[PDB]
Structure formats: C-alpha cells, structure tokens
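Participant: Assemble the complex: chain A is given as a structure, and chains B, C, D, E, F and G with the ligands must be docked to it using the hints.
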Amino acid sequence: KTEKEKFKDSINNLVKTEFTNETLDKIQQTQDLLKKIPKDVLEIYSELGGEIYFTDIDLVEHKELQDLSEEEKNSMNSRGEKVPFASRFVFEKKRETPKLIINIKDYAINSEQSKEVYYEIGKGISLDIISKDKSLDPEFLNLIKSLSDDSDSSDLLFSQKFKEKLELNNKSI
Amino acid sequence: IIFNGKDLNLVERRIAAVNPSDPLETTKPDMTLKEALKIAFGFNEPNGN
Amino acid sequence: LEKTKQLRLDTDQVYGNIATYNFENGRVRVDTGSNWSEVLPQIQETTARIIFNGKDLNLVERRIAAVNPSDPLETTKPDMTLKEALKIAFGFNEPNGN
Amino acid sequence: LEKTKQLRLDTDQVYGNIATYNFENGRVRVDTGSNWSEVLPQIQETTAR
Amino acid sequence: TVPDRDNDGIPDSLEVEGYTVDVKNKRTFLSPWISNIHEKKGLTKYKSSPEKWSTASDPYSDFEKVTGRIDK
Amino acid sequence: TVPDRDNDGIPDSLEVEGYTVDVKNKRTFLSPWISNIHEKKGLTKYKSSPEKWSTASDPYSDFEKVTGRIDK
Amino acid sequence: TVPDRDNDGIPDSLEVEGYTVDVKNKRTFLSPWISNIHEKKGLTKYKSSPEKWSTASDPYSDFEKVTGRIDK
Ligand SMILES: [Ca+2]
Ligand SMILES: [Ca+2]
Ligand SMILES: [Ca+2]
Ligand SMILES: [Ca+2]
Ligand SMILES: [Ca+2]
Ligand SMILES: [Ca+2]
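Protein chains in written order, with full-length UniProt numbering: chain A, 53 to 225; chain B, 520 to 568; chain C, 471 to 568; chain D, 471 to 519; chain E, 203 to 274; chain F, 203 to 274; chain G, 203 to 274.
In short, the hints are calculated from the structure, not lab data. It cannot be assumed that every hint is accurate.
Computed list of chain A residues with no C-beta within reach of chain G, every gap over 12 Å [unchecked claim]: (1) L86; (2) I89; (3) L94; (4) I96; (5) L117; (6) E133; (7) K145; (8) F192; (9) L193; (10) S205.
Anything over 12 Å on all C-beta distances counts as not near chain A; from chain F, calculated [as the list claims (entries may be wrong)]: (11) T230; (12) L232; (13) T246; (14) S259; (15) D260; (16) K267; (17) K274.
Dumping the calculated SDA-like pairs for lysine to any residue here, alpha-carbon to alpha-carbon at most 25 Å [stated by the list, open to error]: (18) F/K226 / D/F493; (19) E/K249 / C/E554; (20) G/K228 / D/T516; (21) A/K175 / F/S215; (22) G/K228 / A/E74; (23) E/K243 / C/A559; (24) G/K226 / A/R140; (25) G/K226 / A/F71; (26) G/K274 / A/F59; (27) A/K88 / A/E168; (28) E/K226 / B/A535; (29) A/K78 / G/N238.
Ideal Cβ positions, reconstructed from N, Cα and C, are used throughout, including at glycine.
Bound conformation, chain A alone:
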C-alpha cells in the first residue's frame, strides 16, 4: 500500500528525470523563488517603476551598474555590514526608475542568498507602506513604540546604530 509510496517521496528530490543543462536549472530556480511572494506585492513595485531582471553577468560589469556614486555602492545588507560591491549579487538602482537586478543562482539549495533577495524586494516597497502623506503612519509608529521595550525584538529588527539613538532620546516621539 503506502510503504512503497512512503519510499517514493523520500526520493522525490534526488532523481532528476531530465537534467540537460546547468544554467537552465538556475532560471527555473530563480522563478519559483520569485513567485512565492504574493501577487499584490509584485504590482506595488512595478507601479513605482519596478523593472526586475535576471542576469548571468555578475554585478561588476553589468551595463546598468557601471556608473553610480561612491556611497550608492555602500549600503548595508540584511545583516548590517556594508559589503564590497564585487561580491554582491542583488542590487536595486532607483535614481529615477527602480530597477532590481538579480544574479541567478541555485536558490532552493541555498537559503542565505534566498533571504538577501527578499530583503532587497521589501527595501523597494518599504517607502510606500511606511508612509501615507509623506509622514509616518501611526499604524506603524505604534508598533515601533511596542517593539522597543521587549529585549528580543529590539536586537532582532533594529540596527545597532538605531539602538544607540532611540534610547538616547529615551522617548523619540
């Protein structure tokens, strides 16, 4: 009955019946990375001018990133450490039209790099949800007021430089 079919689901991911390529694998693994964020998000970004690409050229000699300022190359990643630009693989150029350039990789086998794409996606759609009339939403500002007292959420979400500016004012309303 189900025992020989409890074995076939333990080998559901080993056996690849047709393989045929190495770079076609990264294309089909980048797409199902991108279609597990819901549909309402992906039209929010394109509304602001969002052009999402997949490239194979690494992001040093890409033509839409050959020219930028010396601080635009230096923004902090999901951790907080600003990374050398030769080793980055996801970037958003947003000076007049936000373009999200994603270098393709094996993205289901890897889960550290799959999180540095979702962080950069929500970086672009942040300024829409964070503000209503070019002012901070009290729907959100009451959350930062509640999350600043708990000793776990304060060093989970907030940065280290933010931890020495919020309680320095000790009530930065």
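Facilitator: Just chains B, C, D, E, F and G with the ligands now, kept in the frame of chain A:
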C-alpha cells in the same frame, strides 16, 4: 466489615466507601453503616428496628 | 564458614514490572514488556533527592523534579525552592509564619 | 595452573539492547529486537577517533 | 483547538500558569487557578511541565496523578 | 510545508546553515541561528547533515539530541 | 509518473543509458549522464539492469549502492 452472626463463621465482605483525598474516589455515593449492613449481610428493618 | 561464621547476601539489582491505567475500562494492567529499569535511571538524573528522619527516627527518601539548566527539555519544569520542596514531599507547614 | 598461576580473561564481544524515546507518552522503552552490534560497526567507519 | 504538546490531556496554558482539580456534583472538573475561589475550598495549586508527559519522568502522567486515575 | 530529506523533524536549510534550540516562556522552540539574539545567551550553533536521520550514525536523532528528549 | 519496473527507486530511462551521483551543497543528486558536463568533474558513469532490483543478485539495490545508504 467482618461478621459472625451465622453459626460463628467470620463472613467477610467489602463495601465501596469514599476516600476524601482522591477526586475519582469522591464520586462514589454516600455510604452509611446502616445501609452497608442492609445490602451485604441481609439485615433489615421490618418496623423501624 | 564453620570457623568464622561470616556470610552475607548482597542485592545487585531488582527486576519487576509496571502497571498502568487503562482508560477504556478503568482497570490496571501489568505490562510485561516494561520493567522499572527503564524508569529509575531517568528519575535519578532529572530530580533532586532529600533524605529526612523526623518520623520515628527512620530515613525516608523522596525525589523532587528540579530544573537542569543544560538540557532544553528540562528547563520547562516549574521553579522548585527548598521551602516548597519540603512542604509537598514530607508535609511541613507554616502555622505562624515559620 | 598451580605452578605458574597464569590465567586471564578475554572479552570477545558484548551483547546488549538500545533504549529509544517514544514520542507519544515521552517514555523510554528498550527494544529487545535490536542490539548494539548493528550500530557499533556503523560508527567506526564514519567517525574519527 | 487548544494546544496540548505533551499529549497528556491538559492544556499547556494551564500547566504553565496553574491549575487544580475539584468535583462539584459528582463529576471531576479541571479548572485554571482562580485565586478568589479555589483557595477557600482548601484546594491545591499545581504547576507542571507543558512539554513532558510526566514531569517527574515516572510512568504516571500529570493528568493521572492529580485525578486519581492511577494505580491506587 | 518544509522539505525534510531525512525525516528527523528539522528542515534542510537549517541543518546546513546553522540552528539552535531556545526556550521562550516554558516551551522549547527550534530556530535558525541569529547572531544577535543567540550569542547574548551563550547558545550553541549546531550543524549536521540534511540526509542522515542521525549524523554520527548512533541511534539518536539530531532532533532528539539537541532538544533533550533522549535517554538521560 | 516515470516508469520503474524493478521498484529500486531509479527509472528505467536512466539505468540503461547511464547515470551518476553527485552532491551539490550538502544534498545528493541522481542525474542522467550528460557527456560534456559530467566527464570533466571526474564522475563515474553507471549502467544497471532495469528488470532487477539488484543487478548482482546480492541484497543491496542499485540505488542503495551508488548513494551510500548501505551497510558501511
Ligand atoms: Ca499538557
Ligand atoms: Ca505535562
Ligand atoms: Ca532534516
Ligand atoms: Ca539530519
Ligand atoms: Ca529501475
Ligand atoms: Ca535495477
């Protein structure tokens, strides 16, 4: 309860009584010493005695 | 043995079974596959022991589940203080705050 | 044996069972069907001593 | 439904924060510890481990011990 | 769901890139390694193999060992 | 679903014309033999029998032998 009113034989019975320290045991009904003799040894009262 | 008259009898171990409640018919049935030797080396590593001889000057040994700070399953048990451990194991009290 | 008094005791092998955690009621139950002679050769071929 | 991880028959929001066992007519109930009621009845406030089926690691559960459904 | 090639109760992407087990109120919770929350409490960063039910081939799971649900 | 006559977990397309086993990050992968890609990595090309669960008629399958899920 032991009893020997039948030609001096120690007839022994056991009647389920309530332990007041165990919440399963307090669900058993209230047992009295008049009722306990009436159901296990054939005692009776025909006119109140 | 006829000279010195010295012969003792040690107790190396004890085999014996465990009887568990049947929720079906409310009975108690001895499971002959489970012995107490699977259980006593788990009580002895997750509990504190207190020996006390205030009843007829004989030693009574009791074990109380206390918290081990280097085992994540064991840090779920409630906090055990030395006063409360005496009040539930042997039957101490405090009729005038002592 | 009375002259040289040389007698020793080798240990060729050891039988013994394994006790596993039971996820239903948290208990630990020795399975009398499997011994450590199935497990111990698997450790000496994958591990560094 | 209510979360009961340790599978012993008592919810985990009750084991962490206190519970008791008390009969009313002839049936057993297992209520959380209300301070203004259960103290005057002479009851006992229990706490136990919400992720062990038996907090003392002995073969009687935290539900069987407090209810009398045990080897007598 | 989450993928689990060995069926030990811990996902593939946690066995490869680090995980740890932390208790929150009175309940254990297995979580990926976060260097800002978990270094503060002295917790250990575990790594094991995503295709062995036991990494050192002994009869104890990778999940039974790090949680404590094991022969004591 | 892809045919597998002998129930040894590996399809009859692959067993006749070639396959090979390689790990990618920490996960194994069974793949058909593509000549230009796989040969420069020094992998071995296996062929077996699609009708037999074990081609040598010994009690270990062709899938267990090439993967490592076998008695060590
Ligand atoms: Ca429970
Ligand atoms: Ca419990
Ligand atoms: Ca796993
Ligand atoms: Ca594993
Ligand atoms: Ca086959
Ligand atoms: Ca075959």
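Participant: Could you tell me which of the numbered hints above are not met by this structure, giving the numbers in increasing order?
Facilitator: none
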